[PDB]
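In structure tokens, the next block holds one chain alone, the form deposited without the named molecule.
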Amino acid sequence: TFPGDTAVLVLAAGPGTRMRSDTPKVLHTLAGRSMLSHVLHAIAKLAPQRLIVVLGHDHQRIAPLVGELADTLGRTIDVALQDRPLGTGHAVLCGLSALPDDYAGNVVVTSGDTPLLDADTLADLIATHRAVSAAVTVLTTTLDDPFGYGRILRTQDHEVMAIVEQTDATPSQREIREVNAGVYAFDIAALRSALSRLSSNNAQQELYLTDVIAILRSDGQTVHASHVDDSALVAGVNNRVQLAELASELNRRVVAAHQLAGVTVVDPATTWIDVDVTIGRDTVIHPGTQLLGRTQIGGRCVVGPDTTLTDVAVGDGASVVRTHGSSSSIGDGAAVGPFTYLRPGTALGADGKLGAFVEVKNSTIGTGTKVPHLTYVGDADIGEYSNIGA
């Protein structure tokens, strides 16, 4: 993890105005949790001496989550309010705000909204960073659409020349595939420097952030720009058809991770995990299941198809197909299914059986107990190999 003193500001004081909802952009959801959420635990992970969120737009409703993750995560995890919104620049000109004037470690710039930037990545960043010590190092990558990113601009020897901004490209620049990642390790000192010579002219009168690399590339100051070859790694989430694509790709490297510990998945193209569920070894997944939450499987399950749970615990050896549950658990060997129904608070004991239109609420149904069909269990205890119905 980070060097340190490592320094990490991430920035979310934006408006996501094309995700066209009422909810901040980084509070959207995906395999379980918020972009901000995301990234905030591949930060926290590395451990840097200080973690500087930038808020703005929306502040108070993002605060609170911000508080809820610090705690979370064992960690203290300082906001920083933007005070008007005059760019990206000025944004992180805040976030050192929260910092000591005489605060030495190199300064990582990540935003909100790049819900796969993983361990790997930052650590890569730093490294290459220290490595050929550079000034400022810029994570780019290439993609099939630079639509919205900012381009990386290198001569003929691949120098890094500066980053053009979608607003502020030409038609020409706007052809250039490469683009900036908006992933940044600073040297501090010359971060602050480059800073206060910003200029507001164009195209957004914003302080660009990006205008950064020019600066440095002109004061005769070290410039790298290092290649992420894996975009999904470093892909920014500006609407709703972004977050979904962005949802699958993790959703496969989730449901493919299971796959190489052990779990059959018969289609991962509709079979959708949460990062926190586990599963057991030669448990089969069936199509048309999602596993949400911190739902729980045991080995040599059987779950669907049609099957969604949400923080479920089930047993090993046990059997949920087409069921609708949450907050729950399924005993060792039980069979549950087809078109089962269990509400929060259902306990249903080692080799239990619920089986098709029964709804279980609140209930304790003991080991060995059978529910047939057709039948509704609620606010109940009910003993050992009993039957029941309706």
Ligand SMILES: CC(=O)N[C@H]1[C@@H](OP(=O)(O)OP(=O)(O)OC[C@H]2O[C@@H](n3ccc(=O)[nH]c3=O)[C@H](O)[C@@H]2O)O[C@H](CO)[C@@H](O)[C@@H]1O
Contents of the next structure:
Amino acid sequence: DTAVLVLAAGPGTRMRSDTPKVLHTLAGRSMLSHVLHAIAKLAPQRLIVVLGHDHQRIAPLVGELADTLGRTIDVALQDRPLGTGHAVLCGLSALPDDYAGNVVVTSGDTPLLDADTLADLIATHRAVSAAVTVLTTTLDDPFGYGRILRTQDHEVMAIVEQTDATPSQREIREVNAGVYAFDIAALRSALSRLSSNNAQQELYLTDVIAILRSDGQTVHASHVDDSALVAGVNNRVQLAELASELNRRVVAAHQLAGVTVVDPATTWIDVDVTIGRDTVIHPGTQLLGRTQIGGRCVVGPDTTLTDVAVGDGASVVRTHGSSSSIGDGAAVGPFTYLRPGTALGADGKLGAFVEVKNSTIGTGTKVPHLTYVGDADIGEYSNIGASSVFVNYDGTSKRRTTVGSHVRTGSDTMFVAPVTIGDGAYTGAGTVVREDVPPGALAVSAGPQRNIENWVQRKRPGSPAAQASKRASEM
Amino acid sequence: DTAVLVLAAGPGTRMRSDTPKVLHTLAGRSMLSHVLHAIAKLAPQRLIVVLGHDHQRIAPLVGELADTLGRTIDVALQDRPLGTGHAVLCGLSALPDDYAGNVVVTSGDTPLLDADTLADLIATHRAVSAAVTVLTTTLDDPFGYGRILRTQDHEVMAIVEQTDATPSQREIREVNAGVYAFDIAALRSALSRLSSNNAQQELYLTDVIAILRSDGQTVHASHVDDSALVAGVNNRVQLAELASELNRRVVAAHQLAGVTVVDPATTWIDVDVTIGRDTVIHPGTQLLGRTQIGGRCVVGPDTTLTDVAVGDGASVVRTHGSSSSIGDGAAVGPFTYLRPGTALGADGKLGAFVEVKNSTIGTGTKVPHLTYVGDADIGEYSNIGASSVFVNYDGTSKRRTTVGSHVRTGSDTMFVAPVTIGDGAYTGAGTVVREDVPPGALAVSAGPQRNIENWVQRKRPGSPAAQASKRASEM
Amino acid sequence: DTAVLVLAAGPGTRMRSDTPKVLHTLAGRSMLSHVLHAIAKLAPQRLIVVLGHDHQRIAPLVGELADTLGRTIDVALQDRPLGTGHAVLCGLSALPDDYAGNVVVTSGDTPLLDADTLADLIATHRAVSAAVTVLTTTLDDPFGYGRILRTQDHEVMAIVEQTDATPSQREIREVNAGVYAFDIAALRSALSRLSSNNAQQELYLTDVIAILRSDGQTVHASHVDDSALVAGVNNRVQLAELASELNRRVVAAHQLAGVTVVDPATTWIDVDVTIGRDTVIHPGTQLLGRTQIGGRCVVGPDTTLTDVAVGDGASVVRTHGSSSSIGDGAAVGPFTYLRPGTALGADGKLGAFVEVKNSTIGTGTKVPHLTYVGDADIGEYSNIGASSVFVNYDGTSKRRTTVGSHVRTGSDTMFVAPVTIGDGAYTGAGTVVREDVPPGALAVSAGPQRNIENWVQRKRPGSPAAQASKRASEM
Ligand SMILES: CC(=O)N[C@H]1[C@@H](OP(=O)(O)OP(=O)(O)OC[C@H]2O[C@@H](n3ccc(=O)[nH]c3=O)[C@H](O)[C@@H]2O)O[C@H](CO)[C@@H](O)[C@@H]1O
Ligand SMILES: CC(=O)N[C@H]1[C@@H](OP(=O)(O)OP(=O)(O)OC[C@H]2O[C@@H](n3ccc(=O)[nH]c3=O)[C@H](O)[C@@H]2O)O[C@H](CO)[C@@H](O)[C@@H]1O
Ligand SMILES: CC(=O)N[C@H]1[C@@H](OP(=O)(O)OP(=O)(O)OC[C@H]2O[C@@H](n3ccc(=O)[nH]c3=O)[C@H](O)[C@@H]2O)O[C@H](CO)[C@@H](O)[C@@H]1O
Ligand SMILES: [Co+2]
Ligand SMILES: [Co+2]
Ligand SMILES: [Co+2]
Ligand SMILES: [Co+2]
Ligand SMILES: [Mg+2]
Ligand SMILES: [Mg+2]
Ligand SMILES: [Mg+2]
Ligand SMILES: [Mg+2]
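Next up, can you give the form solved in complex with the named molecule of this protein, since the form deposited without the named molecule came first?
All chains and molecules follow, beginning with the one already shown.
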């Protein structure tokens, strides 16, 4: 039986942010969401999140996550950030007085911590009958971590904080993860003995190690070799470092599953994204939120998609797109903008300098060039001519437009919504369509061409164009 | 006298691909092409590629490469992938029974192997009179490689595979490259003694080392310090790692030759690309296939060019382009798409939101804005006005259009192919050109402007525009 | 009292450039500017730059920097590049014969050298009463650096150049920074004893170490642990390596100050750029020259801005822009090009496939799609319809256009400069505006739509459009 406490009530001042630290994101989830997902998978009997100033801004997000993960998550409040040891005291207050399960503690700023690591911790703690088991790792750069102090026979004696450590203790590269398992009576007893006479004037959870050792209680350190899983994030430098590591792991998982990622270093993939076999992702690409890409696609370079579904065999190149679907075999890009509600059918095409918003575009239909399609429904196997605009907006209002199948509209056509263009209709180049066009009708509005002979000689006399028409006249 | 065998008949299952492993690419060539280029330069008397299931999909590519490299390359078939030792047996079958040259063996998945490394191997093998000389290297991460086992006086005893090695042998960081030279009689004798009682149930080439040592035959290991040259690719993670290393080497060669590459990490350059002195390449750029860039150019950021020739002093910025030429001093981008058959003359300009396909554009001509130029020939020193379209396609058909020199066409002109615009002609803004325009003529079609006074007060009563025309009326 | 000499008169042949080596840039400044900024902050009594062939191309840049930094900087000429020791001789020639201050020497190709490092050097030199104090560091790859030779009790004996060192001395990883402090009499005495019998046939400054040791003079080495601060740049590979390191440091400083930089590896920030709290920078972004970004902005991905000011809460996404201002809360991108002189007001919008040049755009005004705005002034809360062009240029000439506030212009409107559009006016879709439009007028020019019934059956008989109008006719 285990209760897990997540300490998320510190001020987060080193982030230098007006957004609460635990709400900063990597790979499409906040640090707090990563931590609560990992813990939820372990499925402890109790899950308590300690929150501080704000709490009004974080507790709702906690309750949404409890619903998503299908379990209750209690919030305990810590009124002032008196230190990690005091935050654990506040967390214990959400437990019955008589609670007898183990207590696991972790921080809200260790976002790569996983279920397996927690399960190993609990298993080790139970096996050695420890009063306290602390996860540790070894780092090239241990700055800012609590240093593990061992006796000559390698017994863990104490954890010393960066601010409290001597220059010589600072050289210690074995560090405290800040993930612990405790015997609850031993934890309560040690917490009642903390004092705050240290460099930060705080009540440090870390002092419990030395306090329990004082009592001749069993103190066990469990070394996590994969240091990233317990790396902490106190500032934005560490956040981006850990985001980069998580992203390499996500990309690698896709590569081992059959996805070619040309340049993992410049390919950002959020945790919920799925990608089919033999897709190729080119450099400079981000796949974000719940994007799903099918098999044998080509995506990128320089593509950003958030919540976009892409079928099999599609090409989505130099495209910026959100909340849209792209059908099997469709071709999007280069230089294409998809705004929410865009649905392009199979074997559709949206080409360069095209923007679509809130429009459905049927199977095999092509909008190849320099056009804006807004609030419109277009049928199958139609062709929209270059440099056209679906005019939704009359200065105050916005309306719908329907274009049928096998239509061929001429370049530079403006469709002033709402209008209906019937199946197989055409429009001339340069048409302003303000009324319905029957099936198989040709709609036109451009006036006839008139040539004004020798205009250039008269109105641009002695210009390079005048000399040129003169020169062409002679030869 | 030497025969080289390339083993390329394994299933490649760890790639999780429907494309044969040896056909996956880096820096513009398949792994197999890289390996056969390296070997061809060494110029052995015989070159035999062992192929498996598929072979129908790979052998043609081999024959194309034989023609390109100007030499014969024999294919030997291995019907089932019974292991590397069996693949060598199959390869030997393409040699005469009485063959007496050395036999060199390498894999199709070691794509950075170079001619010099092979020549050193053969030279070392001949010098020590070895029965077998095996290339080895030392790696931080030796996962998946055969481990080199040495006696106490550092004699090579055996190679143990990742799957067959003990936890303690797995700690060995000296690894088998899988590149060997053999005395042929000794190779044939050892291969006849292989058995498949191991963790993979395969006939391992690697066992020949221990078998030859058994016979008191000379076994020599030659350590390659530059580990990348013998790194292998069994999955897409390793493929992208080795692609990134190869790319750093290609970029570095350009930098040492006089090319500024601002960010090598985000600048991908294929092996056949050439780049002139004092060109600057900005981040996020890929130069692919047979692209050639001249001297003093500026390329990028965010440019992708495949088979594009760019002259000296040109700027090609945020451009996506293929099978096109860009003249000396020309300016392309930002946000410009070049499709195949685009030829832009010296001091030409193709600006933002411009797409060109299959068009020739003469010296000094500018197409600066929001325009599509398809299937058209344009002369010298002409100016195409913003937001124009060369309409090639009439719904069923596509035709040509010719525009002369020193022409100035007005914004929003549509050129309905085929039409000819003579030298020094002009078009008005908003013209639809459906007929020829003589030299120095002005072609027009837009109707006259009419102002409807107080329309906004009548039809948008109490709108912010109505209040504003009211307010401007008073003051 | 101290005089600093910067040696910048070598040929720079390893750069393979027609641009003088010390003029190559990183993070928005030349190597020479970085070095003179660092030295200027230290504020020595004398600052002398030794220049060579060229000097005509570099000395003006030196004088501009002297004015900027508010101090004199003397140029000494070295006619031929006879070596670093000869360049110091030439530099001393700009000092009085009787000069008694310390002499500090550094190269023009050590561009991360900082004021603190120089101040520590001078402080150490004075403390130990050294004749010569040389800065050293230790490197994994010491190729091309002078190697530090020490006796058995760790006394510095000599510096040996890469070209002159034995294979075994080349293994030495402690290297000469080429930054020194000297007692001036001891320096002059040692320089008069240099000879050029070495591998480069040059007069090496580095020999002064052994010469002074000969005289039993005090020689002190001061180890700089942060090796980047004294890394040198002899070729473009080293230049990009040091640019990447400097850039990581600049980015890190922003992150610690409150800026989220999602991907430091692909975010290039020049030294003079400022960025406000809680701004987020997305991958693939360069912020260059004197760009200033306010707080809570979103910038990128794939954005390049040079000398662009962006207010607070603005979004500037996939934008390529220079010498422009973007107001508070404004939205720019994706796929937007800003040319110099663009000023967008607060809560303005410039959307996809929009280019602006030399135009002012007032508070709350939107230019959302496919439009070019050149040489124009637009008022507040106006809306420019999609696919429009401000036509500045009549084939020979360019003029102004003024658009008032609360105007709503129709899609596909061409504004033939110069024209004035009054407050609250409208234009129809497809209008060519060649004359002034009063406040609250509606300007139009497009002809009426005509539908030609059954045109497709007659002129595209048996086409998929004809069959479709037939099929829609029946059902
Ligand atoms: C004294 C202590 O515990 N130090 C550990 C803490 O350091 P570190 O300095 O990182 O501690 P933080 O300030 O980040 O606090 C840890 C967590 O506790 C929460 N919090 C903090 C103070 C408070 O009064 N209330 C509260 O709830 C924070 O929100 C954070 O999630 O984590 C590091 C691992 O990442 C360990 O190496 C350190 O040994
Ligand atoms: C048993 C063996 O040789 N192991 C070596 C092989 O491991 P590794 O596990 O990489 O071996 P692969 O499966 O990649 O086989 C090597 C090559 O032989 C070909 N192939 C394989 C099986 C077959 O029946 N037919 C065939 O032609 C494959 O196509 C590939 O090109 O290369 C590594 C270096 O990269 C070495 O460290 C290993 O010691
Ligand atoms: C002989 C010498 O000094 N070697 C040092 C020099 O090597 P390194 O080979 O880098 O020397 P450079 O050729 O780069 O010369 C150093 C500087 O002196 C200037 N210059 C050079 C030659 C000349 O005749 N006139 C002149 O003014 C160059 O412009 C450059 O700024 O710097 C390295 C650190 O970066 C040190 O490890 C080397 O020990
Ligand atoms: Co922390
Ligand atoms: Co392999
Ligand atoms: Co028009
Ligand atoms: Co140098
Ligand atoms: Mg704190
Ligand atoms: Mg296998
Ligand atoms: Mg138009
Ligand atoms: Mg030199």
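In this text, rigid core is short for the largest set of C-alphas that superpose within 1.5 Å between two forms. Numbering follows the first chain given and starts at 1.
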2 Å-or-more CA mover between these two forms, where superposition uses the core and the choices are 85, 299, 262, 288:
85
